[PDB]
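First, one chain by itself in structure tokens, the form deposited in one PDB entry.
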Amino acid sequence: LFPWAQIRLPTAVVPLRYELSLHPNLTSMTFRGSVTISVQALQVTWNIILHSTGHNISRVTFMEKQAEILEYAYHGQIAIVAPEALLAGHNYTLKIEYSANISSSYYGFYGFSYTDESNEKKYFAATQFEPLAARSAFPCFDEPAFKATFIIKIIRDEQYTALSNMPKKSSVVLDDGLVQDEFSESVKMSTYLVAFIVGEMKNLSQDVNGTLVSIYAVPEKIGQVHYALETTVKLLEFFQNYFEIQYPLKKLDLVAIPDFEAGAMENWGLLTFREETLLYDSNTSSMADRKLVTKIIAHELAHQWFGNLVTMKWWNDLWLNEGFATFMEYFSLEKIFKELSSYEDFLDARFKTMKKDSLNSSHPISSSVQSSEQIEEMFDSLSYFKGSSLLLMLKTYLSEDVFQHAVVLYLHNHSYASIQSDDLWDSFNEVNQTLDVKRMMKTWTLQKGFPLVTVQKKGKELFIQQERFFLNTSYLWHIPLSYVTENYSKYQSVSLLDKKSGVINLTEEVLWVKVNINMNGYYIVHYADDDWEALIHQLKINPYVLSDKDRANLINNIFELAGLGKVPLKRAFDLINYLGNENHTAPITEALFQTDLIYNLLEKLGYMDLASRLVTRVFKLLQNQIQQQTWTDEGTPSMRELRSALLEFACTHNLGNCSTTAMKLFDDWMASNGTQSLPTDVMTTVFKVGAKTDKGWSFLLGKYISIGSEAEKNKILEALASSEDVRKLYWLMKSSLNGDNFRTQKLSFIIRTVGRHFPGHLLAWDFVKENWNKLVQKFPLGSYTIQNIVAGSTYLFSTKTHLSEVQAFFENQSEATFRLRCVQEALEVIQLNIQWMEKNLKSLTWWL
């Protein structure tokens, strides 16, 4: 029987080089493998323990002597019983011939089908091994810490272009007709980043510093790829220069996989992407589409250094490389594509991370992983964005040049190595001398949530106090504290608060103070009574004495504290009274977000008139801006992003000029059979307005089912779901669940849109209750999809009756179903809504 019994593999045997040959028939979903694993023992062992799942092994041989396999499916491991005691430092070669099936679950070595522009059934195969799927494709030591070289050999038919990490060495025609493609030996790399593609593609290539960058897409979609290649070159030159370590490989391939459930990964030389995420069109694709494609290439590019070159010893440190890439996603962009204004997106991404972090349901970023399912739990965007946030707090604290130095030093000292997060902190610790220890970053990582810094200005000294930001414990953080002050003197400095209480002596007496410049520090600031009123006043006099980043932080910070009671809700609306003099998109959108949250929460309770007073108040503040808005695309990215916001708010709440302009624009587009171009920044608005009439709805539906453009399709879906006809709404969720007119993938987005407004509110949660089993069958538990379905449907419930109902439903399923992340998070949200209403509903009547 099997000898080793543990999740992780023994440290005795170590892989050096991998010789993998695969013959996959794409029409059928089978593949014949041949793995020659060249290892070296370090400890005296009689057996080799490594991973293997869906494999029917023909002959297993140790080297020439045929060995034997032992099985352990619980850990997904296999054992080879050696004829001799494997001696220390001795190289050994182990061959395994196997039979396996090409995956359908879009995981590991997967396969699918599609229809060409010529309407011909075409086959395609690809890989997605992160975190534990490499073992399904080939028997191997599937652990990141087990870096080795890879010689990959793929047998394929003529029509198909076979791809892999490294460049192709030789393509030889076999006697059966099939071509055997051989690939250059890989650099020292972990099993998970190993990739191989088999598909009928076309290319778009641009050479740089001998390294050939190419974009692989389906021949019918090789026209939209043009922007992506141009972007990749720019960012590759940026990264190679920033990190000061040249890109290792002689090729860099980015690939648009022709499926919507495609596995998008940072594969070393074979960057995978869902077809849609790279298709940019300079004439139609909006600012949302330019920023999205630009963000994705930059993310999977920063991974080539932070995740491929320098790899984590184990998954418990995944937040580091995913956090580092997400920071380079926003960093590199503000350096080379400065006009995009991608900081605004990071600022909003940060704001959301903070609300999900404030919850008792929150989890600390640095947490030890041992369980099989605990590894897939590390794949949440919360850890990635909090991780990215604390690298911004670090980068802003110590110089931009001091930060880069430690980055270059870490990548050099760890090139082709496996690390623990602390090794980046150590690389930082060499500040030219060792100033502060990295127990600071350990306060942030090791404990859940973030802090509330309480400022009190008394003359020339500002009394600072920190505490756990909780909604309702001895929590202590090491916080850098940036701050700007005002005979019109603009002074800014930084201070480290390591203790529960502190103070900052000022050079001169100042009128206003704003702690946390551009919110760069992952915290919420609460000023004392007269200090809130100081900024509130200044915002009304001249707000430009502060940045848009600084301004939107006060808007978010006042509106968060208003929920928790440290500030009354009247003060939140007293701050935003300055909006009549706001022209920069970042604060305007944060206000509109905040106000829309209060609106819907109120509306769902049925305070329809009070809720409308909230929107007539906000409209009266954004009236000039709303009136000044042009129904075009002529403007800077941030300015056309503002256009979309302002026109979506006024048209949603049917405010003066709006609806009629959109309705006129809609009727014209309809008469023209949808052939007459509409500005993209007004598209969704005009569509939403038009779907409010049976004729327009039936028209839009008919265009959604016909059109090519997925970006336009999404805008049509959002519109069709914004309708007030509950029968139309129900049918959408029904038809999407069956995959009738809409893919099951767009279902979550529908349920989220349906339940956002009064007609479909109860309907969406009813749908989640009645189709729970079908939903759980189609999307597994813990799935991103099932987590937004429960959040989308329940979030706007603000009654004890609703809380009892949500709780009762989730108990009646399973005890494992009630004790879930998304369930216990949703129930915590309804409770907080119940609380926000008891604190803040009373007053409202009298002042809105």
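Between two forms, the rigid core is the largest collection of C-alphas that superpose within 1.5 Å. Numbering follows the first chain given and starts at 1. Compared with the form deposited in another entry:
In a rigid core superposition between the two forms, 216 is the single residue of 527, 687, 767, 216 whose Cα is displaced by 2 Å or more. If you fit the rigid core between the two forms, you'll see the Cα of residue 407 move by 2 angstroms or more. Here residue 266 counts as shifted, since its C-alpha moves by at least 2 Å between the two forms after the core is aligned. After superposition on the rigid core, the Cα atom of residue 826 is displaced by less than 2 Å between the two forms.
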The other form holds:
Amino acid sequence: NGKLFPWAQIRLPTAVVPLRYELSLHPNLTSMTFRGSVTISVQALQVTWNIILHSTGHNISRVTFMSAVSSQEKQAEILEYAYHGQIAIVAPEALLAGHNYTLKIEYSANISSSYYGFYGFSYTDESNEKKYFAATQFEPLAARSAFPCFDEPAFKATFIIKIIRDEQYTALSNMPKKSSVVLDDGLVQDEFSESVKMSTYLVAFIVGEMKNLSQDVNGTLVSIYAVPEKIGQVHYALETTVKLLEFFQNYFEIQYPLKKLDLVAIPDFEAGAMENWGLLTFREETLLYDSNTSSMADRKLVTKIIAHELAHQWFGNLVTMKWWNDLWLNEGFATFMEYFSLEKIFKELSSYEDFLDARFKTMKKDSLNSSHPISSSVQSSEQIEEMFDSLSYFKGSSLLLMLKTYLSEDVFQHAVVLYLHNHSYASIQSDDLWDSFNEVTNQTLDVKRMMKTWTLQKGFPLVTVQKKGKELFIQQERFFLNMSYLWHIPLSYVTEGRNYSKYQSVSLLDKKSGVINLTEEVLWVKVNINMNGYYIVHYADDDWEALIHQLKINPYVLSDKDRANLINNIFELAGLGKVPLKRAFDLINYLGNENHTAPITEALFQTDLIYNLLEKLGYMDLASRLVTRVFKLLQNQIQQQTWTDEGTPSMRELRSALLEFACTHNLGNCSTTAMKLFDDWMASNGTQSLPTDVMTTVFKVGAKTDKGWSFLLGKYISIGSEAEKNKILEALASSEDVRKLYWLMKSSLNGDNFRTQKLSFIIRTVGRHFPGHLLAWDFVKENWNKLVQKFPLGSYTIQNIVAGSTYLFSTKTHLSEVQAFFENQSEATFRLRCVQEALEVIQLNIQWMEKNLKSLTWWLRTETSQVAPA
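Moving on from the form deposited in one PDB entry, kindly provide the form deposited in another entry as a structure.
Next comes a single chain, given without company.
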């Protein structure tokens, strides 16, 4: 490319840093263009002739350069290097160390039609009037497409934003609006206060018609914004935000430093949310809430995501990673605080179940060979994007969970408060976090050397346990399936002596192996309590047998988390090969006596995975026998379920999980009950309320008919609750009619009836069942370039689409097909982690069948199929 561009690396030089930006913009939402002026106050730290900077998609009309002393307005030369998104201003005289200069760039651009950058869209009223909207989504690398800037997290500065807007529209930004000035035509010029020192990826602005619901919290004005038709649905978000804000301010011991806090429901938005200082943005479906149209799950989603964005105000905004290799310092911490804060002041939501489920999934991902270390180098935009995955979020927060469990809660909070004070308005890398722990630790434990392997090595240990009399023999090794270094592991363990008293302790495995002294003789022992540790445990056969026998005798000597753990671990170990798959089904035979959600949903997960693998291979009979077996196992919990909203949140989640399992596979007469409810709902023009906990199920069953499908579509394009629309959309995309499934995907990719923000979800849903299995993948291939135009390589959305439409493939023939497809895209695309993980998941699918197919075929030989065999 550009050997004639005065910079080669992807990280900007350190020679010049920005102090202040004054950015004034004139967006035209109608024509979808904008004109701009950016003034950048910089300082040189070394002698240099070049200012290297970021800019993309900018038609640059004038570039002036002012020596601060000299105050005369020069012209300066400009070079471009599109590959790295970089531009270079070559200076008339050399920049001297410690001198100040002002850089002014005038330019015009397009308002983006993706979800990335400064983007804009139109939506439709209840009034059937067309409305326009513009919003920013900059993280990680899009700020540079709205304005020239030093677009790297470590270059923090202050921003003065100016927006020209039509009088009817409201403009928002990070800071409070300082003033307005009326302009010719129906135009207003807005000016926002100078911001605090922050990263460019956090700059945000919004132009559109909105209303607000507000409340004072001790000098901070908290406001929820939404389009006027929706403003009735923001009361729960406001009440929640106020609670979590007080909580976080008490815990961190550092006040939120802005005079305003805005939370905005954006009509069209790809992420779940974004933490821009003072102007947090959300999908409508993740911030709006109505008790009568939104399920329990929907309420949890809104509480969780608000906790998450609020936590970012400290971890991410106040304190920020130096570079994307340490993204987990943001996202791990924010995820940890999300689930921590809910357990403190929303304990009734049982959000710990979600945390637990997400970790199960992150481990399966982490166990692959195409995993990276959680802190790993990123040297391209694709790798930067790829950091936004479940490792950085859920492994990062489970590292912290391990650490908090092992030290104390108070020792943890002390470390945290030191950390945020010491690095306020500044940048960090992994070592600073361990340093802050070391200061509180009293060098009793060297936390830096304890966390070394956890942060720099991929994967996690398999811990093997064998009871030799009154002592546990213990080993660690890399967990992975084939086709290094030691962890410092906090081994917790709980146990029951011969006299039925329970003892629990903690030791720390530093070496390859160790012995634990048990003090007594024990009936059973369970390692890794509540899965507070990020590893999997394998027992010797005698010791598996003891836990499996105790579950059959009285499962409640362990927690629901403990029993969920065991179910997960034994299935992942039967997949590797360390135990026969039969052993896993022995362990879940106790489920007839299980009343907690977490172990039941974890078993329902493994069952469905296996079911869906067999179904796509065409082993229909065998797959029906499998869910019949599991159905008989849970027959009593399933049959005692009511079709209501009664019970604790957790019990409400169990109802949904159980009824959904029975209706999907046509077991019992749940289908009949659901259809009766749908017909009565449909014949009442959606008036006779459906209990929010059974809607998805009822809608799925109705959508299996033309008459019902059409009627649901009619509701989707017209009702005002985005929560209900989402349950409807899931039903539509569960139709067995291929023409309809094709229409849903094509419509969403174009906008039209469904927004493109629903596309990954629609494709996910279509690819999961048999009629749409081949259709989703084909859709992804044929529209591959249009997808990448809307969602760059290799962002979260694309990795979601690739994974969700390939992970149920289990033959060599599909493996070759998927591989060949990506190799014809480009060698760069085929070498993406996204692609490599998909190829690896398929290979594992293939090995899984060749190990367990004949086993499963034998175990189920007497069970009754539901389908006729071919």
